[PDB]
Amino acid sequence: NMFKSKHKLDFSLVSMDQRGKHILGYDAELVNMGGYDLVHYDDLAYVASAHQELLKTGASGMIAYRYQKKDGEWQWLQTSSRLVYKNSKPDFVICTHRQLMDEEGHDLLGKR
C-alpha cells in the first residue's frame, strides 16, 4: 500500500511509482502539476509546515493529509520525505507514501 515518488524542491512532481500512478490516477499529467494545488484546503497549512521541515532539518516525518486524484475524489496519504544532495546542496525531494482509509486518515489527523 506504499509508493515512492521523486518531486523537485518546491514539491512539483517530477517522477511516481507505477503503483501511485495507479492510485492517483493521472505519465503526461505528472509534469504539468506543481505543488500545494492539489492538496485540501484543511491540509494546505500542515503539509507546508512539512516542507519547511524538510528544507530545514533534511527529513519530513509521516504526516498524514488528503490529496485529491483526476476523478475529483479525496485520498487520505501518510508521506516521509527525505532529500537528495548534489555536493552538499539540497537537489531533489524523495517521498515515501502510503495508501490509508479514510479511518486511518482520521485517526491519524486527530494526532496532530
Given for the second form:
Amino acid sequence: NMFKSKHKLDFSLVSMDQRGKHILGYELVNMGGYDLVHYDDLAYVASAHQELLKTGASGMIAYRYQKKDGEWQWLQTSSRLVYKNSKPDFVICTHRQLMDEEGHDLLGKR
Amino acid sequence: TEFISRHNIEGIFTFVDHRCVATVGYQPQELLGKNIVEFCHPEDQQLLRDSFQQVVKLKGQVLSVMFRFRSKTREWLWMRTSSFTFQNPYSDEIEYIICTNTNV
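Right, the form solved without the partner chain is done; let's see the coordinates for the form deposited with the partner chain bound.
Following is the full complex, with the preceding chain placed first.
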C-alpha cells in the first residue's frame, strides 16, 4: 500500500513509482503539484509544503488526491528535501494509500 | 448551499465540484472549459470581469463579487462568489483561482 514519488521544489511531479501510477489511474508528469489536490485539503497540503521548504521535512496524515476516474484517493505522506552541493535539489515523498474510513477519521484529527 | 470551482487566470473553469448540479443545474463537465463570464448576466459581466482581474492582481487576497448566474433551467440566479488566487508556496506562481459560489 506504499509508494514513492519525486518532485521539483514547487511540488510538480517528475517521477513516480509504477504502483502509485496505477493507484491513481494514469501522463502524471507535465502536471502541476496542486492540480489533483482536493479543494478542502489545499490549505493543509500548502501548509505542509511550507513546512518542507523551511524545515526540510513534512508530514501529511490525510488528504485527498483526485484519481483519473474522478474519484478521490485518501493519502498519507511524508516528504523530505534532498540536497545537492548544500543547495535544495528536489523532494522525495513516501505515500500510503488510505481507505476512506481511515482517511475521514484522520481528517478530523489533522 | 454553494459549490467550489477552480479557474485559470482568464476565468476558464478547470474544476467544479458536483454540488453545482443542485445549485445551478449543470453537471461539472458542462462547465469545464467555458469561461465564468459566459454564465453571467450581460449587465453584471463588467463587474465580474474586473473582479476576476483584480483577484489575479491582488495575489492571495480574498475578494467577493455578486452577479446573476444563468442556471441550466435558464433562470438568472443571484450568486455571491468569494475568490482568491492560490500561490505556489515555493515559486509564488499562481496555480489557479479558487471560487466559492453561493446562491444568495
